[PDB]
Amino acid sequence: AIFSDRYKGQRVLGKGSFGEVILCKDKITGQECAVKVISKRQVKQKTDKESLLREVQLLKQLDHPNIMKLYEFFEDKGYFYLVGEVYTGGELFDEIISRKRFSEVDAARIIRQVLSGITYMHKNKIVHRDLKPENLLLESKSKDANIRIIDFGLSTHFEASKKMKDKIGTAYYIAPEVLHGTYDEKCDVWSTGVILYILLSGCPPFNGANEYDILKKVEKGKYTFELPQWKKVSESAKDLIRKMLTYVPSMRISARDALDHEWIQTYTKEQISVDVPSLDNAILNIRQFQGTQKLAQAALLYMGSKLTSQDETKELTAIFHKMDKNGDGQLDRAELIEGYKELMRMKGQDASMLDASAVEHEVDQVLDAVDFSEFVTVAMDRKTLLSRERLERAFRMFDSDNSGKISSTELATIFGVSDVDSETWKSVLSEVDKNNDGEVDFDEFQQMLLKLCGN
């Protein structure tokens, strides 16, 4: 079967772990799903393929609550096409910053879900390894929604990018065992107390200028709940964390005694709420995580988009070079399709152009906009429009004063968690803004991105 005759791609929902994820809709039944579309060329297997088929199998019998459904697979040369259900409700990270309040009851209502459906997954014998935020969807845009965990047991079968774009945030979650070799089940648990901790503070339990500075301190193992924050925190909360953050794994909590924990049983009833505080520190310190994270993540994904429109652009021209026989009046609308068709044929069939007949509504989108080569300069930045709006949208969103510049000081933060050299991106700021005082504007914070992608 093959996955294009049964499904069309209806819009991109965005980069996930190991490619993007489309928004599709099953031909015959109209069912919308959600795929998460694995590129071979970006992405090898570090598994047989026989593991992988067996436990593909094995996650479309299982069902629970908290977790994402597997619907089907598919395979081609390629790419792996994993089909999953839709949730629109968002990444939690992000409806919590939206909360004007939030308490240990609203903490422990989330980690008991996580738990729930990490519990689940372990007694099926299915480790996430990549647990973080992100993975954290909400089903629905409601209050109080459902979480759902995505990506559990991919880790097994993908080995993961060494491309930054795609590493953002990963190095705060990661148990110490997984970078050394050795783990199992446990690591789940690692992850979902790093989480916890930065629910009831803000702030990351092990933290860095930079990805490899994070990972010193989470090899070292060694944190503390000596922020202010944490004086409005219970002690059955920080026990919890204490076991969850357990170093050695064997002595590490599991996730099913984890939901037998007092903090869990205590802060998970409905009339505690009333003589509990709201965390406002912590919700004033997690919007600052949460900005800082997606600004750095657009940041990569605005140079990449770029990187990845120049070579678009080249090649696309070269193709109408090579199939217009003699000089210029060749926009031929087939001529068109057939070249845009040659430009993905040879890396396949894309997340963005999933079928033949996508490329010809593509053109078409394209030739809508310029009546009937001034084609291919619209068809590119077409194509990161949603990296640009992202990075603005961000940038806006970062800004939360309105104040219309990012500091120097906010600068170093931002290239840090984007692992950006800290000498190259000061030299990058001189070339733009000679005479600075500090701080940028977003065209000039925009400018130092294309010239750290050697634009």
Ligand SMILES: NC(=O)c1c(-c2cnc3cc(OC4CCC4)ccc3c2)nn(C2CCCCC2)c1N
The other form holds:
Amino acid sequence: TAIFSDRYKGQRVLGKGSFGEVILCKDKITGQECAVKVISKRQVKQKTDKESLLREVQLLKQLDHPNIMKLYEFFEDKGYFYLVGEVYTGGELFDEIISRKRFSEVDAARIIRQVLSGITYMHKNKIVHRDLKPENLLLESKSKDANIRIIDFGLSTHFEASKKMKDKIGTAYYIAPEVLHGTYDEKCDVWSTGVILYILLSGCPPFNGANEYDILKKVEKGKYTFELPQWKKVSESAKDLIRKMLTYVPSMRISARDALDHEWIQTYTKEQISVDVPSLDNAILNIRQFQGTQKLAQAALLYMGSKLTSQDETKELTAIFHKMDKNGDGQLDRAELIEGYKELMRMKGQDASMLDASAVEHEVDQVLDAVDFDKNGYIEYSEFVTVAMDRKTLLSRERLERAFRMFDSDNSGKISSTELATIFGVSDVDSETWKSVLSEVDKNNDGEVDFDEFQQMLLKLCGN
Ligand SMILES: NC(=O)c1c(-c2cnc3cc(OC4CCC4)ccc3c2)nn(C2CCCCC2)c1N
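Please supply the corresponding structure for the form solved in complex with the named molecule (the preceding block corresponds to the form solved without the named molecule).
Below is the whole assembly, all chains and molecules, this chain first.
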């Protein structure tokens, strides 16, 4: 029976998505590139039986639509599921939108119709997304006219979502109230799209709050308004469609297919009237701020997670090498470093990157190539542990710095206390807890932090 790494080698990590890591992979015979989502059975519960999931996979492989991620293969072993799909290189939709000089109702209507078109297809095949949100909208290439490909259609029905805030951050804004209460059908995906439409035309979520529970509460009540200024530049036709997508009771809410037939869509995507239509400069400003904020809270949580993983892995790795070293010499040699590093993976797992014994050998060699002399030599294990673990983290430590640079749009070097309150609110860190931590790093501060102080705060929030 077939095995994933007999067919694909890993070329590099693309990142961290719902339910697992996504790795850029390459067929060892054809040289075909693919994006491979790797779901750890230890980290994720399954909601269905094996049978039901194999059926859903078989179906998904046969579906085809230009706005839906194409799935090609599926594998399973002891510890993992490997979902193999087409690589897209244009990145998250909202990350491209903030890079934009001009945005109008026409740009929004082209995007929305892509999304609706992909959904209506999937609904005719009886597949609900359930967790539709901006992160699941990838652009196909780095072109300007790129198609939108919706990722993750079908996963929520079979895998139990993380309760960890590092993984659920951003979700509450887009969830349909009926999902909250348990009785949901395909119409939930219209809601979520309705929310994404609202955000596209105003740059503010319709249901908003200081922390996840406060967001959920607005959502379950289902009230929002169009009274903010930027709703002045927007057509009645858009607000009407939003209204019907944000209709509380699902059976009264418009279907995806009927949304595609709505006047706003008819009008704004006909690709004639575009030259005459205002750019929504306020909305795009608000999205830039919304996005920066979301990516910073996300980087903070990952960085804290990575410091904890690192602490855990450093001690474990050190224990494996000590127990290996009958020399009692603290010296260690290459084949053993690999053997121990493998024994680490054995029990930790955690590493989509280390999908085979050969991935490991090469990571050992890269560590040794940053280290001193004689790759093949008898080596002192403690110094190797330091460098191996730094390598693992600093991608976090780097992404953290980068997301703080991006968030600091005016290049002041600082984030104000109010900005922190927002950042920690979205990260669901208790106010008293961070204020407390803020006071212990800089006991003289005046309500703003530099990057080094912000980093020290997060270190103290993860037990350091
Ligand atoms: N297809 C790709 O190009 C991907 C993917 C991605 C996302 N979801 C997937 C979901 C997949 O399978 C499930 C869809 C039905 C089963 C298979 C591959 C996937 C790849 N994430 N990513 C990035 C991951 C880091 C965050 C940016 C997106 C890609 N570039």
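Residue numbers count along the first chain shown, from 1. The term rigid core refers to the most C-alpha atoms you can superpose between the two forms while keeping them within 1.5 Å.
Among the candidates 329, 181, 228, 277, displacement between these two forms reaches 2 angstroms at the C-alpha for one position only, 329 (superposition on the rigid core).
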